[PDB]
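What follows is the residue order along each chain.
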Amino acid sequence: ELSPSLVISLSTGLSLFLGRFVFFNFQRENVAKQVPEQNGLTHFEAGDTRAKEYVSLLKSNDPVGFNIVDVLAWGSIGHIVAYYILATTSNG
Amino acid sequence: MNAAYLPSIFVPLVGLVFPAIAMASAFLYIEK
Amino acid sequence: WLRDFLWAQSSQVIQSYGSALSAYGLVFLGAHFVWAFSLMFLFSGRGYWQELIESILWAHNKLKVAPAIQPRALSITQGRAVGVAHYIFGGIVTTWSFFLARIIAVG
Amino acid sequence: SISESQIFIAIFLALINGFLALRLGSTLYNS
Amino acid sequence: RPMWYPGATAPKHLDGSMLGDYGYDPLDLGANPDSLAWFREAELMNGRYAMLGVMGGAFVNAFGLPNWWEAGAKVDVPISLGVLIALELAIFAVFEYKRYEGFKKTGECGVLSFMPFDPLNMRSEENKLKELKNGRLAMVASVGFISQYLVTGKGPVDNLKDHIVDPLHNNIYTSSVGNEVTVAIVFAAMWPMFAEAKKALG
Amino acid sequence: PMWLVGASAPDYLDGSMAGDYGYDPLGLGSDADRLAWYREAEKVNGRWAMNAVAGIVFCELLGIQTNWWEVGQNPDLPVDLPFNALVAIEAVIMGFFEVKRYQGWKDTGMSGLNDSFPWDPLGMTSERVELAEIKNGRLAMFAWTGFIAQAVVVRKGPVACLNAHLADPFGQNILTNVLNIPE
Amino acid sequence: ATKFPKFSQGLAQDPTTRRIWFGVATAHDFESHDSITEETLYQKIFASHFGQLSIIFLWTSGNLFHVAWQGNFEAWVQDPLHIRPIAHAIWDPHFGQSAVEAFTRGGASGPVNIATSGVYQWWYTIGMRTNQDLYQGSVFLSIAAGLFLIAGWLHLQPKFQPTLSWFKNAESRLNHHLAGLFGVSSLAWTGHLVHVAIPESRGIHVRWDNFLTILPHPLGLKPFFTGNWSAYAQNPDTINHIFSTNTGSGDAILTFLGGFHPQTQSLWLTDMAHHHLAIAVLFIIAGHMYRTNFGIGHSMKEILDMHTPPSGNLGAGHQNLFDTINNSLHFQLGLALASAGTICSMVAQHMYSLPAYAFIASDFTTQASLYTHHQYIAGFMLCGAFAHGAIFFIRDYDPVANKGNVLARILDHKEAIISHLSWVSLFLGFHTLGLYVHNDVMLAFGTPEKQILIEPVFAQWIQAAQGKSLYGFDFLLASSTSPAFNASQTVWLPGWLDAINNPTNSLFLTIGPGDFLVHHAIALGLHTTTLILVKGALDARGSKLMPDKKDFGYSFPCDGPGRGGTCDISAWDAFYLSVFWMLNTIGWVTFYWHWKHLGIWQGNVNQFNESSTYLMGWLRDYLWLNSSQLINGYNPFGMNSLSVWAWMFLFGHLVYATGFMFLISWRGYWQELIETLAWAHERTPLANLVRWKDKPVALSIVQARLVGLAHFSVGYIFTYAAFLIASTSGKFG
Ligand SMILES: CCCCCCCCCCCCCCCCCC(=O)OC[C@H](CO[C@@H]1O[C@H](CO[C@H]2O[C@H](CO)[C@H](O)[C@H](O)[C@H]2O)[C@H](O)[C@H](O)[C@H]1O)OC(=O)CCCCCCCCCCCCCCCCC
Ligand code: CLA
Ligand code: CLA
Ligand code: CLA
Ligand code: CLA
Ligand code: CLA
Ligand SMILES: CC1=CCCC(C)(C)[C@H]1/C=C/C(C)=C/C=C/C(C)=C/C=C/C=C(C)/C=C/C=C(C)/C=C/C1=C(C)CCCC1(C)C
Ligand SMILES: CC1=CCCC(C)(C)[C@H]1/C=C/C(C)=C/C=C/C(C)=C/C=C/C=C(C)/C=C/C=C(C)/C=C/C1=C(C)CCCC1(C)C
Ligand SMILES: CC1=CCCC(C)(C)[C@H]1/C=C/C(C)=C/C=C/C(C)=C/C=C/C=C(C)/C=C/C=C(C)/C=C/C1=C(C)CCCC1(C)C
Ligand SMILES: CC1=C(C/C=C(\C)CCC[C@H](C)CCC[C@H](C)CCCC(C)C)C(=O)c2ccccc2C1=O
Ligand code: SF4
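Residue numbers (my numbering), protein chains in the order written: chain G, 1 to 92; chain S, 1 to 32; chain L, 1 to 107; chain X, 1 to 31; chain A, 1 to 202; chain V, 1 to 183; chain W, 1 to 733.
No lab work stands behind these hints, which were simulated from the structure alone.
Beta carbons are placed, not taken as given, at the ideal position from N, Cα and C, and that holds for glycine.
Among the hints, erroneous ones may be present.
[Said to hold, decoys possible] Cut-off 30 Å, straight-line C-alpha distance, at most; resulting in silico cross-link-like pairs (DSS-like, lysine-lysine):
(1) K550/W with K168/W
(2) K154/A with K106/V
(3) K133/A with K161/A
(4) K12/A with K3/W
(5) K3/W with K62/L
(6) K135/V with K12/A
(7) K135/V with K52/G
[As the list claims (entries may be wrong)] Distance windows between CB atoms, simulated:
(8) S75/L with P547/W: 45 to 53 Å
(9) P696/W with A20/L: 54 to 62 Å
(10) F473/W with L2/G: 46 to 54 Å
(11) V22/G with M306/W: 44 to 52 Å
(12) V159/V with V22/G: 48 to 56 Å
(13) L689/W with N32/A: 26 to 34 Å
(14) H176/W with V159/V: 38 to 46 Å
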């Protein structure tokens, strides 16, 4: 219950902040613009089974719909800033 | 090494025998 | 034949620079270059060389320097002749330089 | 110093890698 | 059709037609590029002459102990070199010349119609599998009698008693090739599945 | 009952396959042809490991075999047959059933069995208890992996672990005794 | 199809032997068969990779097993410097009493090959120290390879046969191969280093028995999880640390001190453990970039399609490229060889100068045999990167969908690229040779004072930036003032400035005039090799002479002796000519690497930088001295231990010399000769009865050149492979 367990708890809140604060705007805005496909067709109907673009796991009642994998994508960045700040001790 | 008698058994088999069989069988398959 | 002859006998020609017969040391190598140069004409073939000249003309055209006698790569039998010309030439001139430098020193 | 026993174990183990190739090379050429 | 339990499919080459057939043909030799039933005799003559083989080396450990590997060594009989072999050369060929040259001409049943040797022929031909089956089994033990000398060296029965005295400690798995066999046992457990995955997964 | 909250919709599975929470995150449940095969490997791994816990628990809880990983290394087995032999002895008689229960599986009957067809000698239930199959199974396999992490980190079998946590809750747990090495 | 070339009916029916020859060489080309659908083409390929991947493992299990069985290891482990590593024994039924004895050099009883492969140290610097470990390890690769031959068999059946679009999903591979293949492996490898190699470096035996009973570090993961990561770096080793024992041995695990490990004169292991552990973290992060089923990620194409620069300099920029790439295989393969090819060389550039493995750069000849391997094997791969670059343009490139793309802009100017490579390759041509000849004459007439000598200023100042103080410069790491030396003074400077300033290790060898002139020859060889290959690609489509080559095939002999007698007009014949230059520009390198090192291994820098300028020293000094040891192998006075290589060095020429018979003499001569023989054998008695099924014929035009260039190379390699090994085995540097 001290700084090592406090900072990573205090650091992660930084990235999840920005993700929902604003960058929920821009990430969602490129995802709508960017979708994978091959031969002009996406990977489901070209015959690839494992490639079906999978939203059925991705939903929430969160006010903006912020979902599990965006928690994973931002929380991981929250843990980047985490282990840069504590682990370095390099020039302050 | 304790196995010492092996090379005398294999090398002739793999230097002659196998190249003798793989010479015959691979030939007979060129024409059918 | 490598050890007792070419290797052994050729230690007369190689050690001569600044000596009277040093001109054999230059020719000795000079006959290698011309020999190895022959292989270019024997191994290659025309149509690769005529395609390449098509590019270089684009350079001279772009600078408006194109000549009025159109460059054409050597004909087939032309390239074969200039291939033998050097392969033999460069190869005989070695033994010429290899003998004289040998014996003029020794004999 | 390798025990003579282990040696034949390996050679027999590599003997199986000889048949799985023959089974592959057939099925691949048979296509 | 017990057929050595690979699972279902045997190759067509062995359907159960010839006697004793469990439909085991790993190497496609049971095919007929020249013939097959020639192998049957070749099996049978091997088998016949094999099953009677053990009897010589078997009982000799139990009686006087000139055991088979040491048996043909010590005797007083052979008379000045060639007489030892030369007598045994003729008598086989002369009758085998008959049956070998004959029964690949006089018909494919090796000494079955039994014209050279007339049995009591009371039971005759139906159970003939059982002969073939009882010898094939002795064929496999015959290999063992080799390794009984090679691995151990004790007589077949002198090996039996050791297995009877100490059943746990007399196994092959301890001595020598034990390390080798215990691997050939493992790789023989998956053996039926690979053969089965051809059919099922294909 | 979806496996998290809502969402979790697999078009391919209805759930008639025995038990469902809707849980297939990666999508291995597609191309339902082989999904049959994935079904009854879960059954087996459940139907199998579920014993291996009780196998470890029972003896370690009440009986011999305390450490259970060093067992087979230790002395004095109830049967002293050697290591080199006993391996063969294991696989061959497993080999009969495992091939046979497969050929019965690949046989028209898709369900489990042993010794050719007969499966239920008592004939208890094909439904509710049959759903207790996979629920207890999915927990049993899950329960197994713990035993691994008990031996690696703490290097003390569950019985001591289950005795160690209710003794010291805050000095003995996943996070404490990982960061604290001195087993 | 019945007869041998089952996959093509044009060959399947041939009366001649050309059915036989092409039947072998047309096999692995899967775009051409009877009917090859898009789906079943990917099938045989992905099965074949299981073939290559399984073949490699067995090949490794052999090396392990032999050294474990026919070779010495323990005896070498005890005395790495003063004893030779042994490879498989020499079994020939053909020997005299002398040659047997003369080859029994080693610790073993029989005749054996001192192993110049180099694999023998990479086991010890990973560390093993029992023949058991090698055998234990040589079994897995035998087992593990068996899993692919299973897998190979397993994925060709209808049920497990993967769908086509499974192969064309390129965003899943990258995510997996980056994180899973590259990244996750790097974790496991630092796992091995920290748990096995590094403690065993300090003389602590850890195996799969005692593995988890012994901490790799005195702390727990407390420092790792508290976030405090300087413990692992807190206690490095001593300068006098003796390898594979405990003397003053530091306790640290992840450090980097720069420089070497003076006992072994190799890299610090903690320094490598820190390395892969960083690379592991980079890839794993960089494998989440591309989108998969989870819909978060990137789309390969809509990354590209937005890169058309907002000017039009590139026109449409990258547009419909993800079409061509994901469709064309050869495009994907041209990149693969080009990317992997350069790295092969990059390996050889670092691995001699930064000798990762312990107790190499001590035994020299195992560096030479390596550095040349990875240069040549890097040469062939690039020459194949361009060939499949041509097969791309000749077949699966589409000018319509690519209109205005970046590929089409290049074809729009073919000549500019072709013409300028023709200038640079000539500039380096005249001037680099022009100086060697000038230096030759001046030293011939006896005044070397007249020579042209240029000091390689830049690569000197680059070594000045690196901090080599032998020059007068003092910028960056060379000057203790600069805001670089002050930055890294605390971490990797102190060690790495010792290695660079201690002129024994080959890190940044001192350069000079001979060094200067050679790097232009090297630079020449790279251009004329590209000039050929860049031409064959851009003219694969067509040129002014024959603009049908797109539709005339890829490899074809010629268009006939019309309109000027086309010959070598194709794009295969263009590649064909590159190899001959590939073998020079690599030959120049491997020469220039060898004889700069020879002097340094022999303790003198003056054999090179004095005589390196004029071309006679190369012949007079490097070639003449080295040949004396090699030719004495077969000497009629007796067999040396180099008599192995004395013979092969001759076998190397005779193949090379055979290679001219195919390259020079062309077909029509031989076809009229066979006519006379097929007449004689036909009308001679006693041979009437015995006749040929397949009517013999002089082999095809292209077939000869291909056969010709095989002899040329096989001969070109075995001479230099024998000269290099037996020069450094004869002298020992
Ligand atoms: C690695 C070897 C294994 C280990 C060593 C084992 C020892 C090697 C023993 C040699 C065994 C093979 C001998 C091959 C000789 C035949 C070569 C030949 O006539 O082959 C020529 C073929 C002929 O070309 C093909 O010819 C074909 C002929 O048409 C046929 O194909 C058409 C296409 O469908 C139609 O089917 C038509 O009906 C039918 O006629 C088509 O024209 C194809 O388009 C065309 O590609 O060319 C090709 O495709 C070219 C393919 C080869 C490219 C690789 C060349 C690389 C050069 C070697 C590099 C130097 C290596 C030295 C190494 C030294 C270090 C040790
Ligand atoms: C590709 C790897 C490879 C290579 C190049 C060699 C090379 C050699 N081995 Mg060998 N070996 C290998 C792997 C390899 N080994 C493995 C994995 C084993 C474990 C079984 C052995 C076991 C072995 C023994 C026991 C002996 C040799 C011997 C030899 C030497 C004589 C050749 C011989 O008898 O081989 C015969 C080898 C075998 C029959 C083993 C199977 C072949 C291996 C797996 C290589 C197969 C790869 C090859 C591409 C398969 C293609 C075959 C065909 C399609 C062309 C020669 C130096 C002999 C020796 O040292 O005498 C001086 C010898 O006595 N080897
Ligand atoms: C090896 C045992 C095993 C196998 C074969 C399966 C197989 C299956 N499960 Mg299942 N499951 C298991 C164990 C297993 N499960 C365990 C232990 C749990 C408790 C967590 C669950 C909980 C569970 C739920 C809640 C549901 C399923 C469902 C399904 C089916 C659909 C998924 C599918 O097709 O993917 C096929 C999946 C596999 C082939 C498994 C691959 C596993 C990889 C290879 C290894 C992973 C290792 C792991 C990461 C390390 C340990 C982690 C530890 C913390 C547990 C499928 C037949 C769904 C259903 O109803 O269908 C009937 C469903 O809703 N499973
Ligand atoms: C984590 C998941 C994972 C993993 C591990 C792999 C692994 C592999 N896949 Mg694969 N794949 C995956 C997911 C995965 N795949 C998925 C999801 C798909 C579907 C999109 C595919 C589709 C796929 C196809 C279609 C193919 C593969 C292939 C391969 C193999 C490439 C050959 C290889 O290993 O190069 C060996 C190289 C390395 C191990 C590292 C090389 C790194 C660079 C080059 C050098 C670094 C090493 C170091 C610097 C040098 C020192 C070495 C040391 C000895 C001294 C490899 C076994 C190919 C194959 O071989 O067929 C089986 C193939 O054809 N995969
Ligand atoms: C992983 C790398 C890789 C892969 C997958 C391929 C794949 C392919 N290449 Mg390719 N190539 C590569 C690397 C690769 N190449 C490299 C590195 C080069 C430069 C050397 C080339 C140069 C090249 C050319 C020039 C051509 C191909 C062609 C082909 C296609 C058919 C190959 C064929 O028919 O072979 C069948 C098998 C053989 C021909 C075996 C012949 C044996 C050769 C000549 C070597 C003989 C020397 C031998 C080693 C000496 C032994 C020494 C000993 C006796 C002492 C196929 C798509 C051909 C193609 O697509 O044409 C349409 C084609 O023309 N490639
Ligand atoms: C040692 C032999 C040798 C030499 C010198 C060359 C030289 C050359 N080749 Mg070549 N080649 C060779 C062997 C050789 N090749 C072989 C064996 C092959 C395999 C078939 C090839 C295949 C090949 C291809 C495929 C290509 C070349 C190219 C080139 C040019 C590259 C640029 C360069 O370096 O210019 C340097 C030029 C020289 C050093 C010429 C020296 C002559 C002096 C300076 C002038 C004459 C001296 C004196 C005045 C003569 C007096 C004669 C007397 C009658 C008065 C150049 C002309 C490429 C090209 O076209 O480049 C544009 C190209 O595409 N060659
Ligand atoms: C100016 C200058 C001269 C002298 C000093 C110095 C040289 C340093 C230099 C300093 C310049 C600097 C640091 C300028 C920046 C000032 C800053 C950061 C001002 C920020 C003000 C913050 C404001 C309004 C917040 C408004 C409301 C917000 C977010 C609501 C956000 C929310 C959303 C919608 C997402 C979830 C979380 C939450 C909180 C519910
Ligand atoms: C319901 C609720 C209450 C009130 C409203 C509110 C919106 C706040 C809502 C919030 C609920 C909360 C607290 C949600 C928190 C979610 C969190 C923290 C999820 C965690 C995400 C982090 C993850 C997966 C880890 C990713 C990867 C990591 C670390 C790895 C780091 C690494 C280390 C340092 C070693 C190796 C290298 C690498 C990989 C860089
Ligand atoms: C001809 C062909 C057929 C059709 C398609 C295909 C693409 C295959 C096409 C192309 C084929 C091939 C193989 C093309 C190119 C091959 C080659 C030689 C690629 C090599 C590229 C080298 C590159 C980038 C080097 C870039 C710069 C580097 C390292 C140095 C960077 C650095 C400097 C200089 C100082 C140190 C620090 C730092 C900043 C990292
Ligand atoms: C290299 C080569 C060429 C290219 C070589 C060419 C085109 C020779 C042309 C060079 C000449 C000698 C330049 C002549 C310069 C003029 C005489 C002008 C000089 C005026 C003063 C400077 C003296 C072929 O055309 C060729 C054709 C067929 C088979 C093999 C080959 C072949 O190997
Ligand atoms: S050699 Fe081949 S290419 Fe040159 S002309 Fe005669 S046929 Fe045409």
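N32/A and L689/W - C-beta distance against the hinted 26 to 34 Å: holds (32 Å)
Proposed proximity, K12/A with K135/V (alpha carbon, max 30 Å): violated (47 Å)
Hint check for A20/L and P696/W - Cβ pair distance inside 54 to 62 Å: holds (58 Å)
Pairwise hint evaluation, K106/V against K154/A, where the allowed Cα distance is 30 Å at most: Violated, because 48 Å separates the two Cα atoms, which is more than 30 Å.
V22/G versus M306/W beta-carbon gap, inside 44 to 52 Å or not: violated (22 Å)
Pair hint outcome, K135/V versus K52/G [Cα-Cα no greater than 30 Å]: holds (29 Å)
Distance restraint hint 45 to 53 Å, applied to the beta-carbon atoms of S75/L and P547/W: This hint is violated: roughly 21 Å between Cβ atoms.
Pairwise hint evaluation, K62/L against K3/W, where the allowed Cα distance is 30 Å at most: Outside the cut-off at roughly 56 Å; violated.
Holds or violated: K133/A to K161/A, with C-alpha atoms at most 30 Å apart: Since the Cα atoms of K133/A and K161/A sit roughly 27 Å apart, the hinted pair holds (cutoff 30 Å).
Agreement of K550/W and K168/W with the hint, judged by alpha carbon distance not exceeding 30 Å: holds (26 Å)
Assessment of proposed distance window 46 to 54 Å (beta carbons of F473/W, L2/G): holds (51 Å)
Outcome of range test on Cβ distance (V159/V, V22/G; 48 to 56 Å): The hint (48 to 56 Å, Cβ to Cβ) holds, given that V159/V and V22/G are roughly 53 Å apart.
Hints 2, 5, 6, 8 and 11 from the list above are not met by this structure, while the remaining hints are.
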